Amino acid sequence: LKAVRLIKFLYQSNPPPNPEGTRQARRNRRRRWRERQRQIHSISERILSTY
Amino acid sequence: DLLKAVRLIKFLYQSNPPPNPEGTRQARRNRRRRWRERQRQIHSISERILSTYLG
Amino acid sequence: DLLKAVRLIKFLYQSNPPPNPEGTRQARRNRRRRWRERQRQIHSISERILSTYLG
Amino acid sequence: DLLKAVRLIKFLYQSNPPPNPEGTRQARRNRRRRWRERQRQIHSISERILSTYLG
Amino acid sequence: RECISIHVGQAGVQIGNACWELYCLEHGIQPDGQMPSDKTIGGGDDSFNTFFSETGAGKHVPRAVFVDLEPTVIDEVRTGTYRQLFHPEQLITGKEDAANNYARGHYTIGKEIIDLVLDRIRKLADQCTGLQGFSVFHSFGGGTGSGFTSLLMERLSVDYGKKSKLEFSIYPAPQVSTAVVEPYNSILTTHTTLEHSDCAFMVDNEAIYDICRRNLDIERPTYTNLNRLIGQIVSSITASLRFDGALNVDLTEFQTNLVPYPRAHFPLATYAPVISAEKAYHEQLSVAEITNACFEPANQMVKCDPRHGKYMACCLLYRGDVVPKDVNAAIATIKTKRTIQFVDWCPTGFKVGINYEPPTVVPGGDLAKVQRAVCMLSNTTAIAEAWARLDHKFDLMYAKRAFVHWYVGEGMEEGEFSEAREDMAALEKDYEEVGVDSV
Amino acid sequence: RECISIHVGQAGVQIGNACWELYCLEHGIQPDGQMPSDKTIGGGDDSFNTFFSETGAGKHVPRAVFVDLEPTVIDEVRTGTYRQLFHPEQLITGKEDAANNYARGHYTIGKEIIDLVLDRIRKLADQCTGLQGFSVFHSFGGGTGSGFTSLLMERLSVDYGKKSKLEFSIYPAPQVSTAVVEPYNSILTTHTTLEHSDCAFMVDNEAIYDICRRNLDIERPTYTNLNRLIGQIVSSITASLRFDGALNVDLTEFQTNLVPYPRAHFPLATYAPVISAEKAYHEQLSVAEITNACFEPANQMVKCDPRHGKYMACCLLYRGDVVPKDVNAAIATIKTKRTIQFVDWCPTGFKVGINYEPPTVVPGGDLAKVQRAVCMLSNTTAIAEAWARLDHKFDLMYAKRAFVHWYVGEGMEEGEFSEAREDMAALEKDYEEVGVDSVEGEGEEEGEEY
Amino acid sequence: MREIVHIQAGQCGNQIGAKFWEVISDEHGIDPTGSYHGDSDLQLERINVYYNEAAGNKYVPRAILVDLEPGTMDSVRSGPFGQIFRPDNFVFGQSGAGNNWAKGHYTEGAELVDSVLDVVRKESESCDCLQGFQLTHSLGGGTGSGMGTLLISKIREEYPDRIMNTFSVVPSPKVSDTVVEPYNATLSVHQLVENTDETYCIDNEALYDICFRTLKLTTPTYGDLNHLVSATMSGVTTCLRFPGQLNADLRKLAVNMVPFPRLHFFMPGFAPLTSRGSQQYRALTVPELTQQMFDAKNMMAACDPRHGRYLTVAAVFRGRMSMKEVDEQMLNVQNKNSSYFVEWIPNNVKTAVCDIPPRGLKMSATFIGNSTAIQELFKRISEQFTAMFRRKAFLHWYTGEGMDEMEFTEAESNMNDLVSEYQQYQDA
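Protein chains in written order, with the entry's author numbering: chain J, 13 to 63; chain E, 11 to 65; chain I, 11 to 65; chain H, 11 to 65; chain A, 2 to 440; chain C, 2 to 451; chain B, 1 to 428.
Hints were generated in silico from the structure; no laboratory data involved.
Worth double-checking, as some hints may not be accurate.
What the hints assert, rightly or not - When the alpha-carbon atoms are kept at most 27 Å apart in a straight line, the in silico DSSO-like pairs for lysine-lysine are as follows:
| # | chain 1 | residue 1 | chain 2 | residue 2 |
| --- | --- | --- | --- | --- |
| 1 | E | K14 | I | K14 |
| 2 | A | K40 | C | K326 |
| 3 | E | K20 | J | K14 |
| 4 | A | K352 | B | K379 |
Please model the entire structure based on the sequences and the hints provided.
As structure tokens, then:
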């Protein structure tokens, strides 16, 4: 309920940023994607692992 | 919506036997190996149900 | 919405539970390493989500 | 004290957004560096006000 | 002036015990324990003979870490020319090794041995407080290699704060190699352990092959020759800390002198006045040819054209041992008239450094008595091609998705390999964007 | 200073007769029956001639009560190589042997003679007013073992008051003995003999076996050579009350500066500048290597790394025979550098004790004319590895449950074993966790235990 | 009656101070033993100005010196007068220097400068009264710039009504162990321009330039270099330590030489350029050996006789010669210059002929004065800054400790203000 609403709310809180610049920040942007998806899945499995 | 899907993954958690003190030292290594294999598949299914439902 | 956002990051900060200090010093060191992992990731994502709102 | 802690974050958002990011030299990039470090210290104060007050 | 070195991999332990044997032979640290120059048992700690610790009743041990999962390597080390004075209590090894790959030793089977060597690192870190980085010996595919380092550098940069360190990456040679998937472990090691580093320099075994078979006219490509040459080179590097002279600056001074950027990170170690029993007999040593023979292509660890190789820095190291007078004469005889092609918008100040108190040459090796050292630690922005060739071979072998199945079920995903390709492409294209001379 | 000497078990009686005949050859007690130096019968009445006083029949006999229910050890102390120089009538035999079983002694097999040993200690405790404690020769499981020492200590702490209880708790080598059950009695030792005591020591057997098989090279890996060297260490510790003079560094300040805490109760010993009988050919008499090989594992009774064991106290002791000014001359030898890792709340200096009068040398053994000694005895946290080894042995045996039904149908309890485990854990954590420098309580913000 | 302290710093400032007090005790000869070698018995006050009281007529400096590399000071303690120092200077540790500006500025120095300020506070009151601070400070090392800047700051909030004498070695492209020194310069004189009273642009590559080219010396070493600079600043401060009839006091020097109190960078030159090596051994008369007073290419600063704007001069002689030839030489060299005829500087006639006995010479000819060539010295500092900073190079070495970019931005704002003000003065 509120748990899955939280998880999908954090999923939609990770938007794909605009591609612009001389490709410096894009690698940091990919790293931010992969990491933050990893701990949102971690929060999901912890929340559904207690229950 | 997936509150029954997290109960399904908690049943995958519930498919875990004990690490068997009554278990031969070659055999509960096999239990651990089929464990890590099945949660490799569970992690693939988890990123499936994470990426697919977000669209 | 800002209300739901900070209340929900507070709620997942409640998903940073008090530990289980039972064990030896090496088990407590492994618990400490898990604590440093979770604190590092969770405050990094707290400041990141704050920056995605404004900061 | 929870509604205080959410309405102030609302007022850190509201009363001062970043000033108009157009200045008549490259020093507007310098003041945008000022404001990104300013949002870094807003990150700082926002992780104070939830962890050293209600934690 | 105190530092404790760790060594992983089979070739890492090989170069480690070779270099430590050279250290103990050139300081007079005998297998009797004591050094006979004074009356302190085990070793000493005065200013520069400071590779020891008061473990027993004045007993001093050559503090280092020798780690490999394959267990027979420490046994064949311990029956070597320095037999019993290695540590009988920290030679920690596993039972079955990863056997020439990356993923198993890093993720799966090393996960219960990382904490044991971490506890050993903590127990040796409760010892004397001298700390000036680290000295990590590893390769790309020799022993465990990348599997330990890819985890322990992250563990060092998270657990031990933001402390400086230094590592040794043995760049492979396919003519004497033992694997085929070396592009994969090379690209993985290069995106992992270099972004969590403070200092490093890569030594190429094919460069040793070139300077032996093409510059010294010897006919023996064996790892014992490589171990002795690495012992000589790393001994010349460490001799600044090991012996005090005119400009006896620390390794912290070197690493706060060299590195300009997190990405612009690597030097071109220029030391080829190549010597053996052949090229040391009845020759004459001068400060002109050994210094003029530096920028040429057949003297380098990584291949580069001299005009196409742009020196961001041109740092130098001298073993000295006669005078600083001839070094400060060669600063005008050689170093002052250097209008060689350089990097734009950067200072053009040549650096020299002389360290007296001679390290003794290798006994029982091949080279005769030699004096000078021209260990000119420059750097080259055009070493982007030296990894772009590996990226090209990795492109031509990676579109076929070869050897992927051994690197799927151990935790990672295809996104990791795409990220490794992205990281090396980012490093290279950053060098042709701003590293190679731009506007 | 007229402390009561108790000797039970096979090791206790063995080293009791051995060490008391070493006092006999030390104090000159000839097999005639009396000394030829001082003509007072039995013993003297000097400051150091105080172990031997008037209790028996006017003859100042050697003072040690010898009780053990194993009858063969009482027979071979009655029919060894000296028949009258001990107590002529005060040694009472034991009727039925415990036969390597400790748990019978505390509950079943040793209860008939507890009244007799109480009568003996009431006889020998209403004696002359000098009584600084008890020279207990503790054993674990050889004869009765820890049984009589345990009951004596508990009823001596609840009946005689709060007298000091100086123990020699031998932790023997399993190679030379034959029992396997020994971890059970060695961990019941903490419950029944450790809390109600007041001071203790340690003697060992593994290092003597190691040097006799490899270093000293004596083909005698039995209890006899162990007795021959523990006799030297017992003579060395009793030389404080036995050699009175200008530098009589006796037990009085010794018991003060040994133990700091309740459960820092266990000291360590590092006496090994030994010269053998096959080294007894006028070799090097050294005052330098006996200082240079102190923290090496040769002198240590238990193989432990000094690199990890912090010291809250250090009691140096160099007993020589040459010069009282050699005290200063050896102060100015090696003590200046001594950069040894310490707890951040303990002193640094080293005490000095010498006995400059030369002793009388024990014949017929594996020792030369030994005159000088080194011993760095102290309470070290480096015995945590030895007690972790003992606890690993006990955890493996308790997982194997060897002789559990032997050791439960006589008066013990599984909850009693749990409380013994908690007592052993307390003795662990006063050396494992509390014993190390606990500076991490000042303050920092990282996520630690606030 | 008049007391000056002895605080030193750096790894090069300490050795140039060692040479400094060696060569200014060369004409004094104060023994470290206790035999009481009196230079001149009427000069008890003028030995008490620098060598203060510790016993009965045993006069020692306010000897406190600090650095984290003890080898240099342990080397120079075995000098000629290297042991006449109080056992209170040894306030130091073994943390290392490493040419790290942050550890002297921010991290390591903040735990050790407290002992230095405590010892100078407890040593300042142990005399009649306090008059002057002095410091031999360098920029060639890393730690020295930072801890000297913080020491000047702490003496600003602790002793405001006291002068401080701040020798400052300028960076060099010709002799340099490391090259980060533009960053060691652009944020060192960022606040030094509004923290101290008077400063010195003793250069290093103009100094090596006059050591190599216009002297032809075969000694490119720190030895003769320190000899020359110690002799020059000895001739400078001889006026302040020997007040015959003139050579006005501490604030009095700041009163008559400092308009717009940021423009306090006077350039110390010296006329005869006597050096160990090639030597000239005639009695230095006034006119043809004081002809090296006005030439701008013969001093410790990159200058120009026509592209130069002086607004103060000073000349302190040591021989017993006349003053008519000095006055006519001054009249010629002050009426010759067309660009010197500005609306400012009505009078700078301060010149001394005091009879002071020298060390190896018999007289002297010293120049102390401001100019606008310090602007072109800061201009080449700025072009080195543009060589190093426009791609943010090498900033990862220093930003990890306590720094950021906006301190450099306000430093560049102050540099732009200095350049604009000096260009306003040049076209005034």
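Structure-inconsistent hints, enumerated in ascending order: Of the numbered hints, all hold.
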